[PDB]
Amino acid sequence: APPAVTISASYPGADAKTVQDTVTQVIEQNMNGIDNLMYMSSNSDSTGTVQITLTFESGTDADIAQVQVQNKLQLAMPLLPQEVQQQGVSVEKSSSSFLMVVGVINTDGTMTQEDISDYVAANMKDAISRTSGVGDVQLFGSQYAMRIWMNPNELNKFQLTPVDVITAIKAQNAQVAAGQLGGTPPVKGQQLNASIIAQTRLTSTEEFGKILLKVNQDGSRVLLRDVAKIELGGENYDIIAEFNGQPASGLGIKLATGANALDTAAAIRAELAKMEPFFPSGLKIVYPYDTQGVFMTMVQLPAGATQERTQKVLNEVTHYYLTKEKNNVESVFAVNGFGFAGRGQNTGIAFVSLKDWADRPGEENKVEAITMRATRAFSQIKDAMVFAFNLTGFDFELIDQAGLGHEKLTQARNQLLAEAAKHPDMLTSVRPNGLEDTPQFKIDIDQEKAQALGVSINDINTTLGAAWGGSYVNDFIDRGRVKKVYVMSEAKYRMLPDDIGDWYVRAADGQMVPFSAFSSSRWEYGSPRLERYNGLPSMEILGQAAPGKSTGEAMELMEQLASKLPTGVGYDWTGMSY
Amino acid sequence: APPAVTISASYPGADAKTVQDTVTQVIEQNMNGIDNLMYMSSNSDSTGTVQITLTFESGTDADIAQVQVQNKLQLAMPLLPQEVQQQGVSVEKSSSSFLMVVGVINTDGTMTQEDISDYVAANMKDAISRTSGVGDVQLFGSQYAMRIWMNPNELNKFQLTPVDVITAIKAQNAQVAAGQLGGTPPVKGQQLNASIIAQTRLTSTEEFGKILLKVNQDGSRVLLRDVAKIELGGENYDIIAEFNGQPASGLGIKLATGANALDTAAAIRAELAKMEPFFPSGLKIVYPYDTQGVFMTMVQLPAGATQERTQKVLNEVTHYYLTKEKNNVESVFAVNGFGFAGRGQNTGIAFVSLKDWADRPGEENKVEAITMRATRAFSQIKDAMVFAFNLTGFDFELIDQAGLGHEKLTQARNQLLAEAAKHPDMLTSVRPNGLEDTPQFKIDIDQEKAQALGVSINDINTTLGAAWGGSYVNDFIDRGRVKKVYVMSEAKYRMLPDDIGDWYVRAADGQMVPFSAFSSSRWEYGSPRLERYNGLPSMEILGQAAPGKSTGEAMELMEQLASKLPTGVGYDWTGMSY
Amino acid sequence: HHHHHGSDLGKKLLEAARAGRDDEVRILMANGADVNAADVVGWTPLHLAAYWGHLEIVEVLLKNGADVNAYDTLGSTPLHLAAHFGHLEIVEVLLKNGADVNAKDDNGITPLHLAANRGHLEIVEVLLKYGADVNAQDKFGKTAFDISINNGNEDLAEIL
Amino acid sequence: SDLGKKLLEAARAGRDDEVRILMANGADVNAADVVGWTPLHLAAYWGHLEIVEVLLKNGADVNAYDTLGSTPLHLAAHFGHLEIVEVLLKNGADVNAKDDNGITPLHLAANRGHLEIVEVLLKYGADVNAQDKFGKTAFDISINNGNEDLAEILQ
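Chains as they are written, first to last, in PDB author numbering: chain B, 39 to 329, 569 to 668, 678 to 864; chain A, 39 to 329, 569 to 668, 678 to 864; chain D, 6 to 165; chain E, 12 to 166.
Because the hints were derived from the structure by calculation, they are not lab data.
One side of the interface only, derived from the structure: several residues of chain D facing chain B at Cβ under 7 Å: (1) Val-46; (2) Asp-77; (3) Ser-81; (4) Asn-112; (5) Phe-145.
For every residue, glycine included, the Cβ atom is placed at its ideal position computed from N, Cα and C.
Put together the whole structure using the sequences plus the hints.
Structure follows, in C-alpha cells:
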C-alpha cells in the first residue's frame, strides 16, 4: 500500500469555508519540493478541523516523506492564523485502522465520562504516545480545560464584554519572569541571592473566580465569578464513549508505518502496567479491541444530525450485540463523535469484541457470519449508514478546474449522479462520499452603524466569536499539568437566534450597545465539509459496477458522462482506481 | 556537480543593507553544525531579496543536506521580521540551470501579459511545483494581487493615512470564526444546530472599494475607492516575458538534485495535459527551451539601468535572431527583469530554440557557430554584457575579515583590479561579478520634531514604507484561490523627490502633518547588491588564465596581488577554484 | 404564516423540494403530504424550491395551496430567496400567485433590497412592476437607491 | 557562628538529634541566616514541632522577625501547622504581629483557609479588625476567597 502522511490542524469556532480559506489553501500552496508525491487530498469541516492527506508512491520511505512534509509546513506556519498555531498542528505517518483500543471505565461510579477522559489524557496519553511504535493516539473524550461560561446579562450589567474577560484572564493568569535579587552582574560585597517570584498561573476554579475584572465607582468589585460560572470541562465536547452501555473513555492506538504489530502492542501493555497501581479507586483498564476475534461497526448520519440522534443509532447497535448476539459478543466499545473516516457530530463507531473462539462453535458464530447478520439487521435503520466489517468499486474525484465555485460544482456533481442513475446496467450505488449543504446562520456587521456608535469591529468579532464558538485564552496548571483555559458563553445564551441580541459590546464612550443595533441575519445554505483534490476544490464520488461486469467498463463509462459536464468541471481517479 | 541548498526570503520595499542586516546575517549566524559543508555564499539586493547558497561535498545526500539547513533556519525564523515570514521563506535543493521552460501565449490576443502570468500562477504553477523531481519553479511574471493604489491628495482631504487604509482592510477583509447555534455543550434537548457565518474575505475590486474608511461628522461616507484606485495587479512588476515578440509568460523549471531529467520532463508534460482542456479561449502551451537544439543569451546591464533600458537590449537580441538568423532560429523566449545571476531590473535572459537538426545542414549552422556569431554581433552593444552560450577561469572572493565596511572593501577591490590589469601576460579580463554602488535617497526622521508634533514613529515608517515600497496586508479570494492584498501609492505620486512632501501623517491631536515637516533628505551612494562569503562581507572577482599558462599560475599571482591589499582584507577560492 | 415542525411525509417533501425531484413531489402531494411542512429554520418546501431554483416545484406547491408568504424563523419569505439569487421566473410565479412584494424580514429587508444588492436588474423591474415600495428602508435606513450608490451599480440607479 | 549555621541547616531539615547536640554544645539559639530566619523560623515553616519545642526551652526568641517583618507565628499560621501555632502562642508569641506589609498571622491563616488555626488565633486575642497595607481585614479575605465556612466564623 502507498504510504500516506496526514496533516492535522484545528481552528476553534470556525466554519468549513473559514478553515479552508485561511488554513487549508495556505498549507496546500506550500506543499512543493516534496519528492514522490502521487496526489493530495484535504477536508475542511465545520468542526474547525483540517486533515490534509498526502499519498506517496510505493516504496517511498515514510520517514523521509514525513520529514519533508514536516519541514514544508514549518515554513508555512507563520502564514496561518495565531489561533490555529496555538492549537498545535500534527504531521503523522500511520495507517487508517487502529492497532488496539485501551478502554477505561469506573466501577465505583465516582468518576463520570468527563472525568475519566481527563484522567486518561492527563495521566496516560502522553506516556503511551512516546511508546515504541505508536503513530497516532486518539483520545475518546477531551482533556479538562478551565472553562469560563460567560453570562451576557451579567456582563451587560457591569458594562463588560468578552474582550474584558479575555484581557483580564491573560493579565491575572500569568507566569511572570521577574529576575533575581543579587543577580549577575552583582555589586561586590553582595551576600544575598534569591529568585523573585511574581504571579504564578492559577490552579483552581476558586482562583479564577476571584479574578478582578473591574472595580465600580462606589468601591464594590466585579469578580470573574460574578459574570461567569467557573468549572472544569473538556477542551471540546465532541466525542463521548461507552463500554457495554456504561460510561467510558479510551485511547485509539494506530501503528506507525513500518513498526512491528505485536511487539508494539506488548509495549503498550507494559506501560499500562506502570500506570495501574496509581489509578484512583474504581478505575479499571479493559481491552475491547485487540488485533478473527473482533470487528467494527460504522455509523454515519447525514450532515445536520446532532449527537442525540447519533446516540440513538449507537444505542440500537449496542443493544443488538448485547441482546441478540450475547452468546457471541463479549463487549462493545461505542464512540459517538468519531467515525472510521474522521470526526463528526453525525458519525460514530462501535468496537465489538467476541468471546473466545473455542466458545463459539460452528460456521454460524464466526466473524464472517456475525457481520453479515448484523449488517442485515442494521440495514433498515432510517437515515443512517450502518455497516459491520472486519479489518471493490471505483473512487472518483470531480475537480473544479476553472474557479467555478462550490455551488456550481455541486450542480455539476448532481448532474453526473443523475446521468449515472440512468445506467443501472453499468454503475450502481453512485454516491458522493462527502456531506450535503446545511442551513447556516449568516450575520452581517453593518460597518456604518458600528462606526456611528463608536463600536470597534474587533470588539464585535471577538464578542461574537468568543461567546458562540469559544476562545482559547492561555494555559493554566491543573494538578501539576499544563492545560488550556477556554472562554465561552454558557449554553443558555448561545442556542437560538434571538439570543444574538442579548450580547452587548461597549462603545468608545462607555455605552453598552446590543448586537441588534449593528447586525442583520438571514438563513442560507453552506457546506459543512469542503473537499479538495490536488489543490483544487473537489467532490469525491464512490460507486461500483453492476452484477457481472468488470470495473474497467464501469470506469470507462464514468469517464464518458464526465465529458458532457459543464465547462470548467474536470475529473480524476484516486484511491484504488489510481 | 556539487549539491547545493538555497534559502530564499523576500522583504518588500527593503534595500540591500536592510535585507542583509535583518534577514541575511540572522540566517547565516545559525548555519553552523551542518555536515559536509564546503562553503556558503549569499546575496542581499535592493529587490528585497536574499539568496543564501550552501554548497556541500560531492556524494552528500541532498535530502539530508536540506533537512539540516532547514533545521538550522528554524533557529532564526522567530528572529526574522514579520513582513519577511509572511512572504514564506523557502529552502530548496536543485541545480542552478533550467531543465526546461514552459511557455504560455494567447493566440487570440484575448489576454494581456499580466493576465497570462496570473493564469499560470493560479492554475498551473502549483501542480508543477508538487511534481516529483522538480527542484524549483520560477514564474516569469507574478500572480495577481488586490492592488490598492492610494492617492495622497485624496487621503489628506479626509484626514486619512495609509495606516488607516491598512487598518480598514484587516477589519473589513476578514475571515471570522463566529461559532455555532446549538453548539456543544448544548442545553439538553436542542434541535437546531447551525454554523454562524460572519465576515468573509472579499473577492472582487467592487467589494474592496466598498470598504468604509470613515463617516464624516456631517454624515457622508468616505470609501476606499474615494482615496484609491482598486485593480487586480501583480504582486510585483519586475518580470515580463515575450515569445517571438508577442506577450507571453511561463515557468522556469530546474531539476531537483539527483532526479531523472527524462522522467521528470515527461511527468511535467503529463501534468500539463491535465490542465489544457480547461484553458480559456486562445491560451496555448509552447516549449521554447528543452534540454543540441537550444542555447541561452544572457543580458546584464550596469546597476541603475531601468527595465526600459533592458528591454531595448533584449529587443536588439531578439531582432538579431528573428532577422539575421531566421533560417536556424525557431523561437526566442525573452524575459526582462530575471537573469542568469538572479533577479533584478537590470538583467535579462533569452531562451533560443533552433529548428530541426535536419534543416540546418553545414557546420556554420551548428550551435557553437550560431552562438559564436551571436556574441560577435553583440560585441559592440554599449553598456551591456551580452553573450550567448550552449551550456580556464578562476573564482576569487575578496573578504572583509576585520569589519572594515562595504566602502573600504570596494577600494580594496579596485586596488586589486588595477594591479590585475597590469599583468595581461597572466590574467585576462579580471572583473567583479556583482553590482556597483548607485545613488540612493537617504531620509532622516527628526525624532524631536516628531515627538513635539505628536506624530508617532510607527505612523511615519508605515506611511513612507507602504506608499513608496508597498505593504502586504492580508489575503483575499480570487476565483476560489487565496491571493495577496497589497497597498501602495499610485505610481503618479511616488516618482520624484518632491512627492515625499505630498504625504501626510495624522498626529495625536488630529492635525495632518506633511512629511516635509519632520524629515530631511540628501543623496548618497550605496550597494544595490551586498555579497557575503562564509558569513563575512565579500566581493566576487572572476577571471581566466592567459593563453598557455595553467590556472595554478594565475591563482598564484592573484594570491600574491591580494596579499598587498590593506590590513583586514583576506581572500578565498570558491566554485571552480576550490 | 409561521409553520411548525412536521413529521415524516412532510420531511420527504422538504427533502425532495430541495433536491428538485419533481416526480416524487407530485407523488407525495397526492398522498396527503403537508404542503406547509417546515424544518428547524422554518423553511417550507416553497422556501427550498425558491432557494435552489426549481420553478416547476414552485408551481406544483402553489397548485396545492402552498403558503406563498410563508415566514421562516427570521421573517424571510420565498420571494426573498428567489429575488436574492437571481431566479427570474420564480419571482414572476410568486408575485402572480399573490406574494407580498413589500414583505419585510426581521431586519426590514425587502425583496427589493436583496435583488438590488446582488445586481439582479431584471428582477428589480419585476418587483417594481408589481408595486414594490422603492423608498422602503431597512433597520439601518437604507433604500434600494442607497444600495446602488454604495455598490457603484449605475445601471440600477438608472432603473430606480 | 559556625555552630549557628549548622543549627539553622539542622532545624531546616528536621534533625532533632543533631539540634540537641548543637544546643548542648552552645550553639546560638537565635542565629539568623541571610534572609533573617532563625532556627525557630525554619522549624515553624517546615512543621517540625519538637524542634520548635526544644528551641523555645533553650531561650529562643519567639517573636524574632526576618528582613521583611515575618515572625515564626506567621509561617506556622500560613502553612497549616496547627500544633506549632499553639505552642508558639503558649510561649508568648505576639498574636497581632505585623510584617512590613501590615499583614498579621490571622490574614495568612484566613487566606489559606486554615480554619482550625483561625479559631486558635482569635482564642489568644487576635484582632479581627486588623487591616494590612491595603486596608483588608480577615473578613475581606473570606469574602474575596468565597470561603463561607470562614466568613461565618468571623461573622
